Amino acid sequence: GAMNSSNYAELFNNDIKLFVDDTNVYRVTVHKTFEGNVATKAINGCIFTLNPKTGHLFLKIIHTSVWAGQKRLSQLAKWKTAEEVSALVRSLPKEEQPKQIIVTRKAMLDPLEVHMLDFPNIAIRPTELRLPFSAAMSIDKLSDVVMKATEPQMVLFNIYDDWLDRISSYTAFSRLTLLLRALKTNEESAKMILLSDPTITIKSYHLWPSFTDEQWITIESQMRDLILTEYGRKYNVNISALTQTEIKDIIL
């Protein structure tokens, strides 16, 4: 069924599963025309398909040519997502195919179910989790590959860098979701936190900086403070007066 605030640890068992997020597939700018009407212009997008146990990210770049001459693009984008995920599954060896695919948006359920009819044993599920995978385009190296693409392309990343050498997949997923939620909430402040210190760098083969264990604790605290600070600004709430239980609930 749905994947809620009861089945958290299922994400880190040994059954292969993928999250699919389609938020960034169809992306547009909106502008006035010479005659004073409004028009959209599509920009390159991506499908975010992530194995939460291993960190493997299958980033399918959606080039704007796929929309040329097509109608009802927001509907088509869901079916294109489902077509690409189905093609990905078919391209993987049998022992690498997922047993479950979890979609971040319920509107992806029917398109994916229909494209996966030939895989009756792969469960297609929604989730009650509010995962911030839309903020993937705030990761500089991911945004760069998407915007530079001149044709459809699949790019493979490990979104956890080398963290699984030191932490569990449960903790790595928690760290990723905290980082992405902070980037979604205040992108400039989050990037300042991640890059403020010149002495810590991002390896050529990584997405995130090379923090030590203790530095990651500090970074994570600063990200929680960012989220709490923005919550206070949004709702006109004095965050200093809040208790630890109130703060933990808001971050959750």
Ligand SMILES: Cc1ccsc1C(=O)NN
Given for the second form:
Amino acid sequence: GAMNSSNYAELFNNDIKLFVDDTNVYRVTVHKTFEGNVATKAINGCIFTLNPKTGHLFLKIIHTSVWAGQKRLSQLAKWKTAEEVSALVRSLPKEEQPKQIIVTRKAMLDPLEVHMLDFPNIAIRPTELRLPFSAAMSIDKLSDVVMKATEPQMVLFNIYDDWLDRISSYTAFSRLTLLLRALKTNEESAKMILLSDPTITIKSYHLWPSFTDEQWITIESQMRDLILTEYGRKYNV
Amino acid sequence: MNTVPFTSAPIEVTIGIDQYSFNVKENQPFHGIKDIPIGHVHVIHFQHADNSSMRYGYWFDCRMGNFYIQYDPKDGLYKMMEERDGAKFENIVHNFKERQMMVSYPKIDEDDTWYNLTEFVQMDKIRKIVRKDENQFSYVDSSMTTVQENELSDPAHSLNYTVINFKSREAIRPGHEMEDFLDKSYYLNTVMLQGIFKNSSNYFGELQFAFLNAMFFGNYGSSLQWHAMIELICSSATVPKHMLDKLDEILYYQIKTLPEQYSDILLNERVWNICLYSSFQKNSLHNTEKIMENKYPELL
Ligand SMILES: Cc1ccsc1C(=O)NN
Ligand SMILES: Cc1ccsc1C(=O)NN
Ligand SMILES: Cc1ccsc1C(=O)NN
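Since the one above is the form deposited without the ligand, can you give the form solved in complex with the ligand too?
So here's everything in the complex, that chain up top.
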């Protein structure tokens, strides 16, 4: 059934599974028209499909042309997400296909279930966790490839860089969700934290900076401070 | 007019005949039901006084044979049987009509209720849902499960209603996933009407039979089938106009006949609010919406 804190280590067992987050698929700016009405302009979006054990990120870029001439775009976006996830699964060798797909929003359950009827042995599951994957577009190398795309495109990212050389998947996922929770709560502060020291760089082949083990503990502490702090400024405590 | 004779009434029982019902006391001199209208299917049903558990009954059509009821003390129920000796049947029954030991089917002349509940219900189709081919009549009770309930356990004692499943490959065309899930017209018109039922009369017959089994026996799987068949139409954008008009009449008379005190277990709040207020056909069921809003406004 639903994924929660009781069954949290199941994410790091050896059954292949993917998270699917659809919150950045349909993105718009809202603006005034010359007549003083309001209109939307779509911008490129992305499906965030993540293996939490390996860090492999299947980033399907959603080009604004897919919305041309379509109605009820927020509803379409869920079905388009499910269509692309289904297409991804079918593209994978049988031994790489997931046993479970966990959707971050319950509104994806029926669209994904219908698209995966062909795969009755793949479990489609909700979660009670409030995962911060919407903040993926706060990662510089991911936002850049999405905004530059001129056509539909899949890029395969590893969102853990080489952390798994030094830490376990459980710890890597915890670091990722802490970084993303911070970027979501106060993007500027979070980004200041991550790039303050100009002697810690992001390699050309890495998304996040090359922190030593010790520096990661400092960084992680600063992010928890930030998230507690903005848990103050927001609520006054 | 036809007659269903009883050998005797050895145990106290409430007996239903269609929408009517009456109490018979233990060992009371009761020998059956006369003046049954020819031209309609009928159902004769039972609830014992001691054990209200298990409502049970028999669907029959007097044009198909001479049927009588005899209590079986081993199996503990009133059983329907067919009398093949027409002369014996004639000789035995006339005596009970002479001794006035039968209740009269009590139809009011103005009253089209039973016709309106069974308009599309045929015995031949009942006998395919309820498989027991050695009898011309069909037994149903409160506990019998449906073929679809058995897929989610005795297949001989099953109600073989047509399986409807909105998240199934039958219902959903490859490449039309969103279209077919959000608008069920394909599944209704091509898969079900053209493919399985052949025409809307057979669809309505099964829908009406499911409702009647739900109402008379409290058969939960029948209630599920009745609501699924309603929802499949209401969730289709493209439905022949004559079908929508007939469905409104069908549901109107079902809702009119439903006992007021059984509405909480026989009416699915989600299905009715969706069908009446959200679906493609939300504006197409005027008679049904009006009686639902005046009789069961709490559900809505
Ligand atoms: C695939 C790609 C491109 C630039 S950084 C990167 C990555 O995922 N590093 N772990
Ligand atoms: C400010 C903050 C930090 C962690 S969760 C959270 C919040 O606003 N949740 N609704
Ligand atoms: C009560 C009754 C009426 C018609 S036949 C029958 C019987 O006892 N044996 N057939």
